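As structure tokens, one chain now follows by itself in the form deposited without the ligand.
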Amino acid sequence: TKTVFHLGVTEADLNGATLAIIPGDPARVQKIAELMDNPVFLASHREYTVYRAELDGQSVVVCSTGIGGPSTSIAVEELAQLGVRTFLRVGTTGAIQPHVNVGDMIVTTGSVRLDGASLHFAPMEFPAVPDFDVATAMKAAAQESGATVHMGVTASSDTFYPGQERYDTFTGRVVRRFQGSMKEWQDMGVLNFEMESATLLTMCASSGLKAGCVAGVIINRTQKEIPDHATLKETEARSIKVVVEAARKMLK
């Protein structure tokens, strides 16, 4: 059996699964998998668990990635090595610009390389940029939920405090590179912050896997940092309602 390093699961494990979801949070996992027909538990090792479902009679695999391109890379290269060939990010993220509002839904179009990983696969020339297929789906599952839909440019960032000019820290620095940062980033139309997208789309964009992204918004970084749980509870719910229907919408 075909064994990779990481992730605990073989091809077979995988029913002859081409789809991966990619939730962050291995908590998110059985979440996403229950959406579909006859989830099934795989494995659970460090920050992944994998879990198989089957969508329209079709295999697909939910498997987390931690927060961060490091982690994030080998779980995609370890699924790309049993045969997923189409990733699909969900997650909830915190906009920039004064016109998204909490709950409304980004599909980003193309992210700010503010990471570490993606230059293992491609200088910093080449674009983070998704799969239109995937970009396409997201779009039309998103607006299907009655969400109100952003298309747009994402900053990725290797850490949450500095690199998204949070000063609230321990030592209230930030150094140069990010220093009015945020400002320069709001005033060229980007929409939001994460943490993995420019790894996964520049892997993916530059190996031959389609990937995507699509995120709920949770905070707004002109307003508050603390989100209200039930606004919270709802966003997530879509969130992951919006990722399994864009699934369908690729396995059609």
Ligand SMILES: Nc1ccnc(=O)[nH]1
Second form
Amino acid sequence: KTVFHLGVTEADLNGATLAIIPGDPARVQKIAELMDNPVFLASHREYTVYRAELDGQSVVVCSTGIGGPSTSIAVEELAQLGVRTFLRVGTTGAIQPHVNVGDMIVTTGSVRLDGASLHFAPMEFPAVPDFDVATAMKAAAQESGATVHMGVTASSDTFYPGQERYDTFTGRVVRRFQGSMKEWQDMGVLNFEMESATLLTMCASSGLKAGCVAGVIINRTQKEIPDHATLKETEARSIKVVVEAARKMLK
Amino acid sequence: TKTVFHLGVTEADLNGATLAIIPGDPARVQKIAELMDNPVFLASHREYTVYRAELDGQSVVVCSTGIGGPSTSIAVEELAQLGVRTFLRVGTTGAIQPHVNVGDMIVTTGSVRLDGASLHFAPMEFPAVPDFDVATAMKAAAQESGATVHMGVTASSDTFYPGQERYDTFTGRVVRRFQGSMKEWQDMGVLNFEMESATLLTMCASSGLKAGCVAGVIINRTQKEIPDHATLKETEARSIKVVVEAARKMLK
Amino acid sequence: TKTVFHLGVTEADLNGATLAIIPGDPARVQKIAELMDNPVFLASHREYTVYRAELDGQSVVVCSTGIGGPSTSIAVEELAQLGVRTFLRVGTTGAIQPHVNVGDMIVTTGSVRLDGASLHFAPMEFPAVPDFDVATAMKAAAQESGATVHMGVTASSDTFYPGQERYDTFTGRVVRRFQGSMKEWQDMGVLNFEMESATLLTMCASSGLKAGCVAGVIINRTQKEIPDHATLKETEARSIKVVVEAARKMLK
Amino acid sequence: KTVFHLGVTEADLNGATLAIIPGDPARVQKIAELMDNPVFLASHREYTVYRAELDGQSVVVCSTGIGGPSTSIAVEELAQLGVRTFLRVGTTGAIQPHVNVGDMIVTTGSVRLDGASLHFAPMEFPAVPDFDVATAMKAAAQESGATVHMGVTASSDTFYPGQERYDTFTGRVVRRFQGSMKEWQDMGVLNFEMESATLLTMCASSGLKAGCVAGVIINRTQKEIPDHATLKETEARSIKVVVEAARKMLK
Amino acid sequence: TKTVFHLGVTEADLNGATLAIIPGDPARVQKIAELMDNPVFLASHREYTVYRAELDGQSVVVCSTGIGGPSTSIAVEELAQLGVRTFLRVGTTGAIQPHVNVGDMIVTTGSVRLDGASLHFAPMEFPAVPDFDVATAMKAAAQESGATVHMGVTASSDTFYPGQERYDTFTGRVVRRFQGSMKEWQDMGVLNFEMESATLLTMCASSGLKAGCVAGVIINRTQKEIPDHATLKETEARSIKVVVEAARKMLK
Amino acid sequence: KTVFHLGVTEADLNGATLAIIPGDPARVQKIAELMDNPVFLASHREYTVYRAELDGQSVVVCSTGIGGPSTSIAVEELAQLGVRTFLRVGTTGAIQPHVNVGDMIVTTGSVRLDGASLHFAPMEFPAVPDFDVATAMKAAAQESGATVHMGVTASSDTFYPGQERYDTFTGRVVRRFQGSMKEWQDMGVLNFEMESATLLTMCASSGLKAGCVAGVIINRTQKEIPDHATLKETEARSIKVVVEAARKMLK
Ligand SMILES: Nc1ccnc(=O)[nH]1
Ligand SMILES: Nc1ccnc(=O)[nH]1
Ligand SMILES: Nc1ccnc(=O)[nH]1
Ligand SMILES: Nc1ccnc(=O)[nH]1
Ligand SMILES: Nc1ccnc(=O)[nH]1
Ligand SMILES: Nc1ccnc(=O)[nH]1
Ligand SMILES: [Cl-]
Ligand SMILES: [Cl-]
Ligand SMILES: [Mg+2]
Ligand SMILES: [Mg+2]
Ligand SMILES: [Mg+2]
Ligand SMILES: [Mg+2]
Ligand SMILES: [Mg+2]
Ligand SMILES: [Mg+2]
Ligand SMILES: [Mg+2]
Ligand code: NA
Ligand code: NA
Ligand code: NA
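Moving from the form deposited without the ligand to the form deposited with the ligand bound:
What follows is the whole complex; the chain from before opens it.
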């Protein structure tokens, strides 16, 4: 059995029912090498796929690319090949003053500022994680020594106007998004990223377990350019955490 | 010193309470209060019956909401004006999944916003989700009771009849929006219908208040067989014992 | 035959009534019923208190709705199942036009649908409008009482607080949708805010039921946000006199 | 001094504060001639304008054309010239089986299946007549001896798909409108026409008094295209009614 | 053999025409027809004046639409019933960009759907775009006339006044939706406002009909100068010369 | 200057003001090698960037990844670095029986079944190409000897439910998209892809020139699995066409 984009077969996954799904293809090997017997399976487009073993059980690691549309393809095709649980790891920009660079966030629900979520459920449906996955992610994050925040994430189909960035080619933000960062701040929203609304809505409406954990790389109330050593430490911690969360899900 | 407009209570009446248990039915308020220590009647106006009690030495409010988001929104707002920050919704519910049995408990992880009042706090994109600590406490209390507990999505409707795709009605009509909707939600894994959680969860999650919802299952629309009086009585009693234990877990 | 699910009454209990007066507050049910002949208590459950009475020799029902469209929709549906076809709503309201005074009466000619339950009966395009006969009877009854009467559009909100653009609240915030909305409605000639007419009028106008709404003004929102208590009793008393006389005109 | 489209001045109206607004420019003179001293004022595009006198008071008669957009121009420009009350007469298709050709409908509210109404008020706002105008129209219609219905009207920006007609070039109706006639019928809606949502919303949100009376020329439970044999008498009856309603509105 | 309900013409009346030129103003119909061979008046009913003529030996229809999408939609449908497949809209227009000068021509490449009738043919997601051959023919005809031609997006409004963000009106009010909208469109590069293209282009593009729009600019919302009478006369004449030449290119 | 995702500077582009933007990073080198002096600039995530020279002028080639979100980042960042004209090439699935595998499509407008377009303009705004770019693409495609179709494209945030595919993990399509392929077919829509609505809306509302040309790899009325030699030939012709369209756009 084959799929249209990922370039892997059911047999290639060696019975895996859990996937770790970072955004960046270059991070796939970095996650896989935290586990046993990592093996490269395929690379096509933004999709790099490895298998590995965790406590004797097969796990797949597959990049999503940026955004809900490319994420939706990876999740669907992995589900066709038997995957049922999806652990998203990535980076994020915090919007609350009390959330520091280097902290971790586990999303309890997403503001659906995307389009692909609507291809699975109407807007009324909540973009919420599986409770076991969120619970595992919180525990793994705390156990790493991180400062961890549970809360709502704004999930945008753009990096620029949908996150109310003005330092752009046009310097304009469409009416819908003018004032939106302050609005989300006042509503207690923690952070922005670009895939969770799609992932969580798709999975919660399709009988798949999903959750999202992220390391804070910037705070929008502070500066846009991360410090390199701090960012490296955050990224390394994030992938250690997601692997430990996977271990908890497989127990 | 103010007395809130609908609930008819003052901040002093609450004796420092920062947590409320919020059932729908005014007649259930005294029953819940009497599970705790030193229950005291505070007021009854309209659908709002208000008691205070003590739980491990700390003051707790019990306040009914009435049916629906609009009346719930008033109770939550007025209690928040008087210092309440945590809201635990309890009740009983039907279920729409064949695997969910009478006597099981549901703790809502998110709600389908089939209401109107949620939109008065946040646009539709915003998730109707509980506070994680409250949901965690509710799951623990429910599981410790010995019940089978389901974590998942609840469809929260502004109507009992067409928004829950009921056809046994005066007109027998369901508007286009809701035709086929029960099967749609079933296929999406939604556990149950109720009528307040979308408003409650959206209001609180967007206003700096902690909220969650737990419910005992008293009927299942997919199932033919009828539950006996004993099982229903036990389920109602367990639901309120569970919410009180969840309140205990929330106390600091 | 059947007992309806929430109201706890049967068709036989209504003694042939085809008209209901539907106040919000359960405590006001007896007060309306006693303005008519042979009032009898039928049932009380949750926010629903139900009496029967007789008006010019014809049976009438008085049934509270609770606050908001969701609880109203249940009462209207269940009364319609038992043969009620005409629904007269009485309540209180906040005026938003400077010339409308406390104690005046408003008869709604159409409602701004700032609710959710109306959408469970008809899409947003559908007008939340009263039955013309009911509105005509309410105008006449209100005028014949010596009241100052206004006919016009009502903004009907699922919340008391943000959807009526109140800021003296726990968060002190109003969601984008509702920021500037009071001024917008004022400029459009809207008379008043309340919380049930959009649901009631849309439900009934799309379901073969006759409905209308009359309300007593208890606050002018150009003046302040929270209603005064000193003028509320007199306003409430005249309102219920008016609705009973409107019912008499409908039974003729 | 002279409004942009209608080609008349305030002085031309001789103090009129009430207008009768039929759709067809050819019916303007007919309505004006039911009153005293009719005077032709202007004709441009779909806008033919007369004045006349009714019980000694100046009245305007001004055609609207078909649809909310052209209606909105006429109402605005008449309002700029001092008109405050607008009485709309036209033809309509009934959708209830009991409503017959030649009956008269007075709209109590309109289903807003237009676009121009949204240029005055958001969709939540009711497309409702002024109560005094509706009262006058009911009284005039009933006093005439006509069979009169009060109720909801579906007001469509199209004659064809928005009234769920299939005897058309494509023979198709967009998803929104598929099954719509039966839905409106089940909801008790009386009839279809094409201007009331715009007129009533515009006026109710702008401090103008408006209402609509219509003569039934077809029953849509019977067929799609109106029979010609009964057009003339229905139209004649309708305009006598609207003139009597105008008489009732004069102060 | 039928006579269409509004236009009052039969298929035989059109003498095989498969292309129509569709101005807004009935008085412009004869003026366009006389640029062609053997013009003949067919009918005038309401805002619909219909002529036939011959262009390079092929029959052409000229039919006015009236103002707005609703009346336009009737004319297009009824002509399509009688075999017309290509529709060329002409007129004159204002502009909202400083670089678009009086006497210039605009050929619409897409329309902002600020109408209602387009939604009766396709949901809002669908693009209001012309047939590429028609747009290409219109550009060429416009260039060949010596005019400066602009290709771009047109904002197509169901109103002349608030939907074009005009405040010089009876109320002086523009609903929230349209407040700030002219600057919004200007900053997005939109060239002009008119009142029929969104309906026409959406209807035709979703119905297997070829359509496009060309216009003369009669006002610029950004220039204080008042255009000279001769310039306006020249522009009107040029616009209809251009649309006839575009029809010639479509028939070749 | 520098950008957040693409890893290139303005200097790296050597004055280029036109970009060719395929979806698949592997296609970038292929396109660049059709031109003179191709130079690899960077590869990060789904973004591979080359420069080349066409008739002596610098051209950039930059992949977008799948979907509007990742496309929107590339377009913004290239615009920050001076690019003003964007020529999209890719593959597509036809939905019309008369549009054969191997044909080419030049989009005249897109059905906005995405989310990112709404981050630039409200839904009313048309997802429309620049007329010069569309003209150049039609000319290049026809001059190649291809069979070329001009028309409307449905641009979806998903490959699966938003293109009404049922051979999936759940086998379900959300109500919004049930019956949608037939609806688009009846409306004359030619094809499905996943980036044009975002690209065209973004550019048309931001002062950037854009257009889209695509080779038909599948017909949804036929089979899902393409024949390899046919697909190879279609892909090769598509990139030759887009380079010739670029030549036509140079000033
Ligand atoms: N600010 C941001 C940092 C990382 N990812 C985002 O989507 N946004
Ligand atoms: N079926 C239901 C039982 C209880 N509450 C509801 O809202 N629905
Ligand atoms: N201001 C108000 C008074 C009474 N009822 C309302 O809903 N609002
Ligand atoms: N059926 C109809 C007759 C007259 N006017 C309409 O809009 N519809
Ligand atoms: N400003 C305008 C001139 C002509 N037509 C319009 O619709 N708008
Ligand atoms: N069927 C398809 C082929 C290629 N791309 C798409 O989005 N769809
Ligand atoms: Cl007051
Ligand atoms: Cl008939
Ligand atoms: Mg700090
Ligand atoms: Mg800090
Ligand atoms: Mg704002
Ligand atoms: Mg009491
Ligand atoms: Mg919170
Ligand atoms: Mg405060
Ligand atoms: Mg073939
Ligand atoms: Na991507
Ligand atoms: Na209630
Ligand atoms: Na017209």
